[PDB]
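S.K.: Each chain, letter by letter, is given below.
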Amino acid sequence: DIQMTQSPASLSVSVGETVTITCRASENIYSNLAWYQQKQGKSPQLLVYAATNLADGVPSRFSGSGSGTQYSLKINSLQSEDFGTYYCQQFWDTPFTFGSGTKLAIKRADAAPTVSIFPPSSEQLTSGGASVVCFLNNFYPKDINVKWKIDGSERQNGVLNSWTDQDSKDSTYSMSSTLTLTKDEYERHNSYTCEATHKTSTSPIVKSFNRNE
Amino acid sequence: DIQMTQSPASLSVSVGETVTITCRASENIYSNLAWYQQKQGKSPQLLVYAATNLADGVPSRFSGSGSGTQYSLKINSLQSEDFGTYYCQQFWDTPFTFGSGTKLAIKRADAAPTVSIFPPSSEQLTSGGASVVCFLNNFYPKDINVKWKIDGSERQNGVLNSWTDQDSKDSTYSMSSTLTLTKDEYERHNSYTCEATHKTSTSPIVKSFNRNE
Amino acid sequence: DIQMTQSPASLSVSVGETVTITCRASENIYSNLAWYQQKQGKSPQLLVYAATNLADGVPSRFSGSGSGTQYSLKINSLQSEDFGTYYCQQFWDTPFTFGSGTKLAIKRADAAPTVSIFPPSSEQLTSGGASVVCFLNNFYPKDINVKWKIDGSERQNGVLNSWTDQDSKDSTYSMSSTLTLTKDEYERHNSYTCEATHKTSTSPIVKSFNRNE
Amino acid sequence: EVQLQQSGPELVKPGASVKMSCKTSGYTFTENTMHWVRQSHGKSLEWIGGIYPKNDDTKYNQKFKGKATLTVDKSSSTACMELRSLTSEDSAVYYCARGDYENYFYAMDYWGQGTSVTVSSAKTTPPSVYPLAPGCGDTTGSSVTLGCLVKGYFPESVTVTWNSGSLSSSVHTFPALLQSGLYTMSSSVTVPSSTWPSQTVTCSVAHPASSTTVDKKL
Amino acid sequence: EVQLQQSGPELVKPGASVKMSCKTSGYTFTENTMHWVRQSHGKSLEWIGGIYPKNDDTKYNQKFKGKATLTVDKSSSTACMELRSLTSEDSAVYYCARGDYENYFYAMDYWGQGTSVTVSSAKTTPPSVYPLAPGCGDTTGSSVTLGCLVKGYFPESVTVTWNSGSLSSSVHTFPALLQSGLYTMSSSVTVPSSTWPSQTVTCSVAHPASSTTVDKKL
Numbered sequence: 001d002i003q004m005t006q007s008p009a010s011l012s013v014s015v016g017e018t019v020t021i022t023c024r025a026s027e028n029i030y031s032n033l034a035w036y037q038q039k040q041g042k043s044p045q046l047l048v049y050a051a052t053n054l055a056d057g058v059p060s061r062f063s064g065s066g067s068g069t070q071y072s073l074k075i076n077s078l079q080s081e082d083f084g085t086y087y088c089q090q091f092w093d094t095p096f097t098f099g100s101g102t103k104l105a106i107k108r109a110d111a112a113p114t115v116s117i118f119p120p121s122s123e124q125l126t127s128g129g130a131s132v133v134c135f136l137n138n139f140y141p142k143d144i145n146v147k148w149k150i151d152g153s154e155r156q157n158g159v160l161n162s163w164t165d166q167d168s169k170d171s172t173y174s175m176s177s178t179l180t181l182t183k184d185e186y187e188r189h190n191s192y193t194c195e196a197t198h199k200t201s202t203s204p205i206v207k208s209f210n211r212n213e
Numbered sequence: 001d002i003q004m005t006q007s008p009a010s011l012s013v014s015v016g017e018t019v020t021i022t023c024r025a026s027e028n029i030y031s032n033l034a035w036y037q038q039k040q041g042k043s044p045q046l047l048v049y050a051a052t053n054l055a056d057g058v059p060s061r062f063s064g065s066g067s068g069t070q071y072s073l074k075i076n077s078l079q080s081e082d083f084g085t086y087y088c089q090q091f092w093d094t095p096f097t098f099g100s101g102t103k104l105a106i107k108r109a110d111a112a113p114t115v116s117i118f119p120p121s122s123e124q125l126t127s128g129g130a131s132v133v134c135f136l137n138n139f140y141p142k143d144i145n146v147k148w149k150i151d152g153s154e155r156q157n158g159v160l161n162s163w164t165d166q167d168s169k170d171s172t173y174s175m176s177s178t179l180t181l182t183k184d185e186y187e188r189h190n191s192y193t194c195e196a197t198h199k200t201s202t203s204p205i206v207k208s209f210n211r212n213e
Numbered sequence: 001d002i003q004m005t006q007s008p009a010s011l012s013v014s015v016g017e018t019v020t021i022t023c024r025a026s027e028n029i030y031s032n033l034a035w036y037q038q039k040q041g042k043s044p045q046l047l048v049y050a051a052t053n054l055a056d057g058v059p060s061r062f063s064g065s066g067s068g069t070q071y072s073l074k075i076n077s078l079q080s081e082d083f084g085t086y087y088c089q090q091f092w093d094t095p096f097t098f099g100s101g102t103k104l105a106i107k108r109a110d111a112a113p114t115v116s117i118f119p120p121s122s123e124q125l126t127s128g129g130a131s132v133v134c135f136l137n138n139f140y141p142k143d144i145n146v147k148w149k150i151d152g153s154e155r156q157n158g159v160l161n162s163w164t165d166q167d168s169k170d171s172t173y174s175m176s177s178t179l180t181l182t183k184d185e186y187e188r189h190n191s192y193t194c195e196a197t198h199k200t201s202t203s204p205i206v207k208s209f210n211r212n213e
Numbered sequence: 001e002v003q004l005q006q007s008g009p010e011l012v013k014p015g016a017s018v019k020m021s022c023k024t025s026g027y028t029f030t031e032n033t034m035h036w037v038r039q040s041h042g043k044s045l046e047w048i049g050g051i052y053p054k055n056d057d058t059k060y061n062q063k064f065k066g067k068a069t070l071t072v073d074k075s076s077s078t079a080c081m082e083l084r085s086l087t088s089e090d091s092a093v094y095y096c097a098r099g100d101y102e103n104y105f106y107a108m109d110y111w112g113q114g115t116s117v118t119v120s121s122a123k124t125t126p127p128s129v130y131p132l133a134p135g136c137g138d139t140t141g142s143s144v145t146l147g148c149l150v151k152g153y154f155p156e157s158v159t160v161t162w163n164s165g166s167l168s169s170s171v172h173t174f175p176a177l178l179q180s181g182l183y184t185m186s187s188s189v190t191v192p193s194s195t196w197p198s199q200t201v202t203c204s205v206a207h208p209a210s211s212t213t214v215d216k217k218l
Numbered sequence: 001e002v003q004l005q006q007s008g009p010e011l012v013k014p015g016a017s018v019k020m021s022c023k024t025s026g027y028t029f030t031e032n033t034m035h036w037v038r039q040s041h042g043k044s045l046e047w048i049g050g051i052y053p054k055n056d057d058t059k060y061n062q063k064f065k066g067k068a069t070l071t072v073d074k075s076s077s078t079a080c081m082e083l084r085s086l087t088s089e090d091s092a093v094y095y096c097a098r099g100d101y102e103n104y105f106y107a108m109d110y111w112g113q114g115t116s117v118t119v120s121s122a123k124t125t126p127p128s129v130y131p132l133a134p135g136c137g138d139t140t141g142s143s144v145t146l147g148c149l150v151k152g153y154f155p156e157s158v159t160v161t162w163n164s165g166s167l168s169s170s171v172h173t174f175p176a177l178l179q180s181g182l183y184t185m186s187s188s189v190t191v192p193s194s195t196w197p198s199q200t201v202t203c204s205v206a207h208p209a210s211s212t213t214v215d216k217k218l
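Residue numbers (the deposited numbering), protein chains in the order written: chain E, 1 to 213; chain E', 1 to 213; chain E'', 1 to 213; chain F, 1 to 218; chain F', 1 to 218. A prime marks a further copy of an entry chain.
Accuracy of the hints is not assured; some may be wrong.
[Claimed, not checked] Looking from chain F toward chain E', a few residues come up when the C-beta cut is under 8 Å (computed):
id, residue
1, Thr-58
2, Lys-59
3, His-172
[To be verified] Distance windows between CB atoms, simulated:
id, chain 1, residue 1, chain 2, residue 2, range
4, F, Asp-215, E'', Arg-61, 37 to 43 Å
5, E, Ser-168, F, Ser-168, 47 to 53 Å
6, E', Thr-52, E'', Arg-61, 24 to 30 Å
7, F', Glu-82, E', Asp-184, 27 to 33 Å
8, F', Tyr-27, E', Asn-212, 45 to 51 Å
Keep in mind the hints are simulated off the structure, nothing from the lab. Using N, Cα and C, we set each Cβ at its ideal position, and we do this for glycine too.
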């Protein structure tokens, strides 16, 4: 079974620049390529097929090219409606295989995240558990590392976060925190710290809270 | 074992001009080329592979091309961050072989060197030796020939010099002199002369010193 | 033995125009071409080799191309330092053969020659001979035909002339005359005429001299 | 997204052995080959050999086949190469970079930090600076230049300081020089004639390895 | 970076032999082939033959195979070719230029200085100038022109001087001319009518080889 790999995985670029994405096959098909554009929550749409010819309803800004194994797709010049994931396909042998996908975002400038930490309330203790939340907002880029320091130690498992997709005018992201711990193990320690290492500052800011505060 | 030779060895060019470097293989690989960029004291980075396709994160100013044995790399238009050595590789047969390297500097105008000659002091004679130093600074280009005239004769071996790499704003070089001779053979002659033949003047300037001066 | 012929033999062109010179081989080499530039009284220098790739130190204004037998060299755009003869070479079979050469001059406007005729003096008659000289200067182009009318007849052999190469600012030519005849045959006739047919005037100007004048 | 961290610079006497380490992340370690590259002076590069980290697959250069070995630990991710019977010309910076999926071809994309390896039998000696001052009695021209000289230091390197870091503009640096198994330093500073006789500058050179800081009054 | 220095121009009578020398530097001498090229008049070029300086490897042109030999000294770097049974049409400038590594193809990059070789049986004679002055009694037109003539000189060449080098603008030069084994010179100078009758110019021609300087009053 032929496999394909695309590079890069996530390409961030502003409006008006040329973008070249690649697709590589393990075997030489020569005849078969299909590039797709899938918007968020939408069905895929065909752009260029047979590695060269563009499909119907596709603007002339998309020019694909290639031969043998290695293939490419060039976008000039990028517009505001072209953001989305891209895929590549082979027609040559069953099964038909697809690439891993390439996310195309809009490039922005540096932005500092909004740090938020709040202690848990007294209502959830009735159900036999407690959850503390840590939120960050308006941060770019999406590269981040979460760190929870409890008595100078890390706890696993049970530490995971979620994010929001790119906005339109703001075009930033957001975070969330969900931690699963019962009620009697919340009072065994005191110092709780939410740390996030980002490239804005060399030293991550520190914010902590206590029990009776 | 296939060998490769690059030309030229050192190419000096200012900012904004096209640069074409070549790589030649003894046998015809057809499939395999890799151009690298190694800055000063840094690890190499891949630019264009497979003789045509540019790698990820590489700007679009670099276009490689070639077929058969002889290959080439074209840079248009040159920027200020692109200075460094370049290499070429074959994937075809073991061992994988690399080129000799091509240094890319920044082109400047003519500059006269700063001549410096100083006699040795009395402290090093306690250790049983004596060393006289001759320094030149702010000279372009790097082509030079050192000449030591003692009683109208040349002495070998023991005459060698060192240099400094290209600066940022000044973008010039420097020299140094280290001569190994013991204390009792320093007083057997008198006239000592440091000569350097450069293309600024047809007749190299002459500066000498004596014992009791 | 493969032979090569270049066209044209002499190509006159001003500064700033494209020049295409050709080289043709009797057999199909496919792999081998070398174009040379030899200035006046200087050693040849390699420009483009392998019919395509330009050599080191050669400016980018020279682009060679070709395949099979017929080859070409295109110069755009011509500069003031590029004047000189050009050659073409084959690497394919021994002996290595060279073309006939192509002279590249600078194009000028029409210019009228300076007519000069002087009778011989009385000093050379002591050695047993006499020589009359006819000079022309500041003439363009170099196409000319010399005519010596003595009693309405032409004499051969012994009529030959020399020329001077192209100047820098003036960029014109010059002529000379050397005629070998002894002393006793100089007095057998009287009317002597130096004629030169040039394209400035349909009727060449006539200037003659006599014995006792 | 892909980081390769090597060990630190290592010094050893000739005849012994050395073992490096190359640790990576960001990708499946068993699905990508790794190669080793040595850089000698000045720009010269060579290819040591590759490794395929599934069970073992090895390809050595015919010249380096006997002087180098390649082992890979598949549990904790690392790549280690060992050298036998070291000599003077075997001292070079060594690179480790990832290859292509299921392939030794498709030249390495991401590289390492280039840990250096030096081999010398000389004993570490504290450095001793040297005075450089005018002169023959007549100063020419209007630019009065001077410098420093350091002898008897090992290994690299030392630091340069002028008046506690007063002016960094006219100070220059130079690599070492090999004479009789020992090295040397030099410097040059371009100063007008408005300093001497009035103002006086001193030279200070500190050696971080031997913790030797010598201040000489020029 | 690569310099090729040849010998000086040489003159010999027909029937004898001559040996040139080509010295190079800047590269390993044993790893690059060398070729010889002759330039006859006007632009015509021919290919003598190549040499591979490891032990010996030789390729001659079938026409020049008997009239030329090629030897190489591998200790001191030189390339020498010897010619047997010289004649009149064998006088030409000879070139020596380096080839390609392990190959006779890939046309020569760097060339030599083009040492000339001339063959003549004539004896060196001191030159004698010739007067050229007006005239028939009526000068026309407003530009009064004149020149010089030199006869009985050998070998090339002589120098031209006008009023100790007063005006270099209107002076012209001409090559020699072959008549009865001897050569000749000529010159032309464009001057208005404001010189003669008032100012008078003289001709002076010096021969560096024979040390003969003759000054003729025109």
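S.K.: All hints, please: hold or fail.
M.R.: Right, here's what the structure says about each hint:
1. Because the beta carbon of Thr-58 of chain F sits about 11 Å from the nearest beta carbon in chain E', more than 8 Å, this interface hint is broken.
2. At a threshold of 8 Å, the smallest CB-CB gap from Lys-59 of chain F to chain E' is about 6 Å, leaving the interface hint in force.
3. With a least beta-carbon distance of about 5 Å to chain E', the hint placing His-172 of chain F at the interface is held under the 8 Å criterion.
4. The hinted range of 37 to 43 Å is not satisfied by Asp-215 of chain F and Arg-61 of chain E'', whose Cβ atoms lie roughly 60 Å apart.
5. Checked against the given bound of 47 to 53 Å, the beta carbons of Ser-168 of chain E and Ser-168 of chain F, roughly 49 Å apart, stay inside it.
6. Roughly 25 Å separates the CB atoms of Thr-52 of chain E' and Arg-61 of chain E'', a value that falls within the hinted 24 to 30 Å.
7. Range check, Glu-82 of chain F' to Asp-184 of chain E': about 54 Å between beta-carbon atoms, so the 27 to 33 Å window is missed.
8. The hinted window of 45 to 51 Å between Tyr-27 of chain F' and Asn-212 of chain E' holds, with their beta carbons roughly 47 Å apart.
This entry does not satisfy hints 1, 4 and 7, going by the numbered hints stated previously.
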